[PDB]
Amino acid sequence: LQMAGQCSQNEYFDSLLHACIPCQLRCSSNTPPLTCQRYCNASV
Amino acid sequence: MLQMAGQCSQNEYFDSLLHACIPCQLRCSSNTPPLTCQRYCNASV
Amino acid sequence: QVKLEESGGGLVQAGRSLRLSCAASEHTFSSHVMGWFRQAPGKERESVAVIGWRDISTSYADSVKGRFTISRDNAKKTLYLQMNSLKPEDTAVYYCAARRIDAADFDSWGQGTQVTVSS
Amino acid sequence: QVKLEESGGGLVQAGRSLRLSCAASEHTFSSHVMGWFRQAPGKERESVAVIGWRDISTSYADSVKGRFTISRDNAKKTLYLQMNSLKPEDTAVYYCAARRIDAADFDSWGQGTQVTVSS
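Protein chains in written order, with the numbering used here: chain A, 2 to 45; chain B, 1122 to 1166; chain C, 1319 to 1437; chain D, 1319 to 1437.
Take the hints with a grain of salt, since some may be wrong.
Said to hold, decoys possible - Result set (BS3-like, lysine-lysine): computed pairs, CA atoms no more than 27 angstroms apart in a straight line:
(1) D:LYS1394 - C:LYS1361
(2) C:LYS1383 - D:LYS1395
(3) C:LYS1405 - D:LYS1394
(4) C:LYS1405 - D:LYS1405
(5) D:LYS1383 - C:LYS1383
(6) C:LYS1321 - C:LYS1395
(7) D:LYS1394 - C:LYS1383
Stated by the list, open to error - Cβ-to-Cβ under 10 angstroms is the rule here; a few derived chain D residues that face chain C:
(8) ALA1358
(9) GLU1362
(10) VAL1368
(11) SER1375
(12) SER1381
(13) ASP1423
(14) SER1426
(15) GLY1430
What the hints assert, rightly or not - Every beta carbon over 10 angstroms from chain C, so not counted as near; a handful from chain D, in silico:
(16) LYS1321
(17) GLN1331
(18) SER1348
(19) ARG1372
(20) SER1377
(21) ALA1393
(22) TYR1398
(23) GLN1400
Please keep in mind that the hints were generated in silico from the structure rather than gathered at the bench.
We put the CB at the ideal spot given by N, CA and C, even for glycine.
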């Protein structure tokens, strides 16, 4: 299975919800998917 | 998508756990007789 | 778990359309990921289409891409599979399935409905 | 629980071939279902190929059917994915997964390997 399009840059595909999810929600918490970690590490 | 080149034979069923064509004669002595196998196992041997 | 009831299947000729429906015993829009699967004679069950939390993401099998559409009416508590450009290889028993958004596997299943496509 | 270590990937021109390898820590022939999955940037992870108990049945995604082949050398304890007539759409991270034949979900995963198909 594949989506017609793709999640936007600052998003990630959450497999449990089967949905694009903004990476700002997982930044911090220790269990972060890495495609977030540029954005998430680029924080302060 | 996700399909095998061939297909199970008439008296077989696809076991998802094993991911394999399996003879129904082994799955007709209780419990979860796969619906595709119930015909064969009502005619027994 | 939520109960599912399917309908809409039948015998059609190639190129025609068919709409399958799956009524749920409760709302799923923000609680359940939904899917249409299909199994042909002697073949394994394959995933056809999946709609996720709050209908943010839909995914389709490549073989049905552009022809099928999975959708959901939350008021009618009903999942739909719109099937256009039906081909003989679409012949199968079609199931709807649901799983809580915090569960990895589909544990709710409808009884399935037969779709046959002749030429 | 088996451990899987992948090899083989890289950059390859379109229309050429590439063999991915996945070494296991223990024997898998009569014990584990094996699979190759792939994931593109911004995309979801999808199954590409699956080989079952004692290599009885092999399953392939429709996009790769006739081009990819999954195989298993039990003496080498190695899972192979041969990829012929590669296209740019095959560009993704490829993972090898395995699950005991009594477990429904794939519980072991390889590190992943990048496969990029030049245009």
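Against the structure, the hints:
1. D:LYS1394 - C:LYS1361: violated, 30 angstroms
2. C:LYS1383 - D:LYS1395: violated, 37 angstroms
3. C:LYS1405 - D:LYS1394: Violated, at about 42 angstroms.
4. C:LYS1405 - D:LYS1405: Roughly 26 angstroms between the alpha carbons, so the hint for C:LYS1405 and D:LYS1405 holds.
5. D:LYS1383 - C:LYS1383: Status holds; Cα separation ~16 angstroms.
6. C:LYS1321 - C:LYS1395: holds, 11 angstroms
7. D:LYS1394 - C:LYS1383: violated, 39 angstroms
8. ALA1358: violated, 13 angstroms
9. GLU1362: holds, 6 angstroms
10. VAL1368: Check passed: Cβ of D:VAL1368 comes within 9 angstroms of chain C, closer than 10 angstroms.
11. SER1375: It holds, given that the least Cβ distance between D:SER1375 and chain C is near 8 angstroms, below 10 angstroms.
12. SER1381: holds, 5 angstroms
13. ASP1423: holds, 6 angstroms
14. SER1426: With a closest approach of 15 angstroms, the D:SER1426 hint is violated.
15. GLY1430: violated, 19 angstroms
16. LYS1321: holds, 21 angstroms
17. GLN1331: holds, 23 angstroms
18. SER1348: holds, 20 angstroms
19. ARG1372: holds, 16 angstroms
20. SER1377: violated, 6 angstroms
21. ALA1393: holds, 28 angstroms
22. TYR1398: For D:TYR1398, whose nearest Cβ neighbour in chain C is about 21 angstroms away, the distance exceeds 10 angstroms, so it holds.
23. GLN1400: Label holds. Min Cβ-Cβ 20 angstroms, cutoff 10 angstroms.
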